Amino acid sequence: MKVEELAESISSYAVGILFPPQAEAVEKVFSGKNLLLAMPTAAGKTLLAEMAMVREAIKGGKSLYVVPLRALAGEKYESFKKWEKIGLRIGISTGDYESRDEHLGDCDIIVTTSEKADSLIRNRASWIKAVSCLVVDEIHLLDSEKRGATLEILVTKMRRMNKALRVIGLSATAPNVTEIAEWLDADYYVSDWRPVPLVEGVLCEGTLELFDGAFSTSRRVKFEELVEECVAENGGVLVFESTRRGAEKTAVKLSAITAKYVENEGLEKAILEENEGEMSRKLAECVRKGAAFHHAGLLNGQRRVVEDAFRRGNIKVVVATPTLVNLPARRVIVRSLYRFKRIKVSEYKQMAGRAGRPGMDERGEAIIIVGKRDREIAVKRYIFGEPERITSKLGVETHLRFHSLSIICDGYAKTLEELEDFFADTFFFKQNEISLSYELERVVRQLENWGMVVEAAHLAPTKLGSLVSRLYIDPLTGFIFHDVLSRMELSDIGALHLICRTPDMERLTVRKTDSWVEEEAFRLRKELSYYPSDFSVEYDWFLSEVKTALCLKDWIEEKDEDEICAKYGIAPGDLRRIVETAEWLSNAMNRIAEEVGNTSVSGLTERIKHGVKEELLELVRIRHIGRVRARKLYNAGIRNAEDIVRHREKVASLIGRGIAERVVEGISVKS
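Kindly supply the structure of this chain on its own, in the form solved without the DNA.
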């Protein structure tokens, strides 16, 4: 079997109209052994993995492509539909935890996220045991203080479950990537190869020094011009700023330039299609003039609209933040080098690594605009310089606690010893051979104290623990709930506040101006699950909890979004992010509540989800009608599904003929 041949033939069919020079890569991909691929651009890295899967499929196996963000999940998912021409059946699962998703079980490639995978495992999906090859994309994220831990545990749990499991890790370039390969028992393959070469250049006092390997080409140019230059050519310029305010500020100036080239007026409406005012205002017209800014503030809608547009060219410039998703662009400017501390070689490398514009450009330009703080650092360390070494973060108590509970429940470790053994098979161990027996002992006790783990001369989970496990929430969270609930029984704000006490919840920042919070917090005292000293150290952590719960409150009290935003000083995307989260825990808190018997939270989740009152719940369940429409309809006779039908003409007068039509189309088909 001349593997090179197969690989080629296979790719072409599906793709047709791109991956490493020498055999090694392909040679290994088809070997069947665990394999770690370390390359810069995700480009060739992914097709090798894909082939890996295509092959495994034909062998009659099943692959589970894992990704870190729920975002990529979709991107990769679609990307794999390409192999449908060959009869592979792709499937995806994201966001649903308490479910085994048994329908995926008959897919050849199942894309999901690290967490979702871990969950599916805790929730004992039946297909997992069928997965023969696990591909861990962006495995270098093993260094991620947030992500790492799950990766280490997922991989381990999975390996320990199936010795025949073939793990394929895909990572960015880093020095210790080989030890990863060792921890994975895999043939590695490393390379600096890039489809479209990259030129990294720094820009100082009017001069741009482009580095082509060992040479250089100084020139006199100005930022505004570098942008227009490529913009002029329509190669796409991607600028990076370390702020939300900064990204928007610049995303504006450039619109001046991008304006005289394109006038996207239909897309200006595409933005406002969901929100308006201050922020969305800016992005909207900004886009009308070619430019745009991309940050966590926008809504997943406004984002994908700006992304799709920059891809097609409608948008000439996209000013984002390190928070950044495939954005093809010829030029890539990096405004600052510090993170208002300094940016990691990694972040820069990644940022620069977007300059390639495969199949449209010959080279990629990435410029680090630096001042004069001895610009040598931007050259000596960033341009020419190794990225930071991947260091495992599973060590923290947090993660330990979080995962141990899972391990002791799912039946991997039945004694403290074998719990210690489990963590020994970790990348954390392989990396620093440290016995965590101490802390790990502390954990299991605390897990016992919290009533989640029981010591009957054998470690086992309690009904509660199994729950906390399946809910995939921090056991501390599960405790705060089970404790407070089993004892008292709060109200709206009281419950919204309880959630915000939880570590799993996001909180807002309290500005010097948010004075009401402190007052409101007092008035509402006696209602909250606890109340700190006016000058206790936690009065600040407290006030955030309140301000956050107050926010959810307004959301739940149907307050205008833009209004809620302005009030709390956050952006629509944030609000959506917070509510989104708040709900998940809200569900968690309720299921926990039930187990104890408390009910003061019974119909909270629903409210949180739609941000409606309670009287509108019946209306919002209909194909989701939204707070706005639901209110209008409720302010009239239409107060449920039935009434929307019987008074059709009326409905359409309130909501709209179009929307009206769509809404009814669903109800009848059901009832």
Contents of the next structure:
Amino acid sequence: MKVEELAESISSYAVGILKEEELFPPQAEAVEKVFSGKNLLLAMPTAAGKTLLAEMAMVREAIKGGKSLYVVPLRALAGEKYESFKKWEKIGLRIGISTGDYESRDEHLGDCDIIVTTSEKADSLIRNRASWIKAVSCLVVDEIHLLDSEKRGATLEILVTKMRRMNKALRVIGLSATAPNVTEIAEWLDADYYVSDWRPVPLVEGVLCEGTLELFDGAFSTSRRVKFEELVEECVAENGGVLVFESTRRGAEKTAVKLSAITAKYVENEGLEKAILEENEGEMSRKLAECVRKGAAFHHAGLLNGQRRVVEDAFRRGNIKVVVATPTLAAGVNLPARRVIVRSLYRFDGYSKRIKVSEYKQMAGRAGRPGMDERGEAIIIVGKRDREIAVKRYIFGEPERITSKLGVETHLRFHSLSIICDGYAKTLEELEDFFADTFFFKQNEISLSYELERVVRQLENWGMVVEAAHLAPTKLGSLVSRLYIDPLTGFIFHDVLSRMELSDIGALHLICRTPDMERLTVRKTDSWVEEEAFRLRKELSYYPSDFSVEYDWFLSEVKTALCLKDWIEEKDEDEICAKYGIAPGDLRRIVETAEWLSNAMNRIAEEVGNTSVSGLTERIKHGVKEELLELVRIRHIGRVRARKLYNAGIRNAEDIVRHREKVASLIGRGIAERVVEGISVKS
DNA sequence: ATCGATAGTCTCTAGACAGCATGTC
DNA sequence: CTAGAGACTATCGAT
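Moving from the form solved without the DNA, what structure would you give for the form solved in complex with the DNA?
Once more the chain from above appears, this time first in line as the rest of the complex follows.
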């Protein structure tokens, strides 16, 4: 007994404490691979075995005295998978978590056996020369199939390549979904694999068309005439939970309100109607509360993260009979349900276009509650036209092959700078060797000298990289890389901010010009954005012609900045939302993005001498005018309580303490205490 | 010198990661 | 390309 048997027994004893309470992972062929120390690629329809299997590999690696870094594509998953690994703490394992949003202070992190983070975060931790990042022996990359994503793809390819180039003894384990070329991923990873299509709960896929649903169980079908609003009530009655995937927030909300009529006559939460209107109210939030009360609920990126968890939790508790969602919880958090309904195979992406088979297969895969249903259902609602595509290409078709997307100017540019800053390349030559270990190369055997030299020349002009004897980063480049922003973003900032100083909207708009920023949509009615931009024109870093074929992209930037302006000029949240035609989740998202960029704009601004943006970042973070900054730094003191106090003479921690009695009248007895309680600590 | 219906037309459309350092009403 | 709901408008007609 060296370490192999020990880990296996420990893993065994542990499986017993869980197998009694998540089911069973048959075939030790996989579990054998787990304790093989060799790189492994697990491909399985459900995340079921994938994670558990993955947990053992890290516990095993933990026991040998190594550290594993479990990488995820989403913040939520990082949490879910975090609170989940909180169990292996028993055996003396220290869990961790590091997002660009949240980080565990629970333990010294660099002393954890399992550090959970997000892909881009993991990449950033490297960029920012983390210390523990260099003591990671096992790298588990969950959702490795996202390698195909035009957005997330390249980062996974780069993350892995950098990691491997470092710890040549690093063990890479990638968990993936089913897909024709999974073995190609495995080959690229130099890893034994294990492909299965096993599901804890079998899944029958159907096709509703013209009042007729036809299931598909094995070789024989089962036709039946039913309407959509019934397919739900059937499953609602069995308290099985129904998932209805819609293509637009408008669709999601519409449906949820109708289905509520049905659910209403089955349950009444009313208690949840509260936890939804808690954080925010107004149009959307109201409509959502009125759905949750009647037992229904729509779910999209417009809801606040709070309203999000509320709905998810309640759906499991059975309080919420139906959840009508968009692409959000499609691949987000684990939400089981006996039934699942795709209302459409299309989606707007340029034009109404059918989603990838993968997308559908990935939606229907949530159909089937492990340990409650003897079978899971996934119905596709289609019309005369695509019925055949639905059945032949979707219900019985195979998922598209995972294709690399790293071969793009933007992505090459974005990552090359990083590779040059972190030391992996130092000549256009090594830079290519680096891209040779990519999942793009092992998929195309193509050379990238043309673009790579192009990309590098770009960075050369922008002054992020200099060629003295070999490729080397400038202070700006190292800063832009460490800041994890698009080099174009950093160039816009550096260029503009070294030639002029900006006001509020000026610097705000500067942020909305950047590629990294999210921009609001200008509509028929935002005629006031044009006039408003005209007026502010001398305060903007540039001003296009009405005739410019880019004027509309300009108004989009402006509308976004104007929204950010109203946010830091202390405007009401719902007023903001109703004004710019956006929802609370949207506002918080937009705002949160702007702060990250605002911070970068400012660090680039300081290095170049400009100081007209200082104070803006903190303002955006809190959504207040400058005078409230001292008050909002205080815990429990936001934009509303801050104004209430400031306007009453209380304008800082001291004034808050010396007048505790006035404070309590102004902001609340409860709060007031908590607030003061906090002052005293940091004091 | 009119409100009005029916039909052709226009508008609109999912999601969500990063810095930094800890908590809105 | 592989859409479909809802707001918007025009265009003809009966009074």
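Definition used throughout: the rigid core is the maximal C-alpha set that superposes within 1.5 Å between two forms. Numbering follows the first chain given and starts at 1.
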Inset, instruction - Using a core superposition, identify the member of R159, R100, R194, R244 whose Cα displacement between the two forms reaches 2 Å or more. - result: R100
Legend entry - Shift in Å of the C-alpha at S12 between the two forms after core superposition: 6.3
Legend entry - Per-residue CA shift, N264 (Å; core superposed between the two forms): 0.7
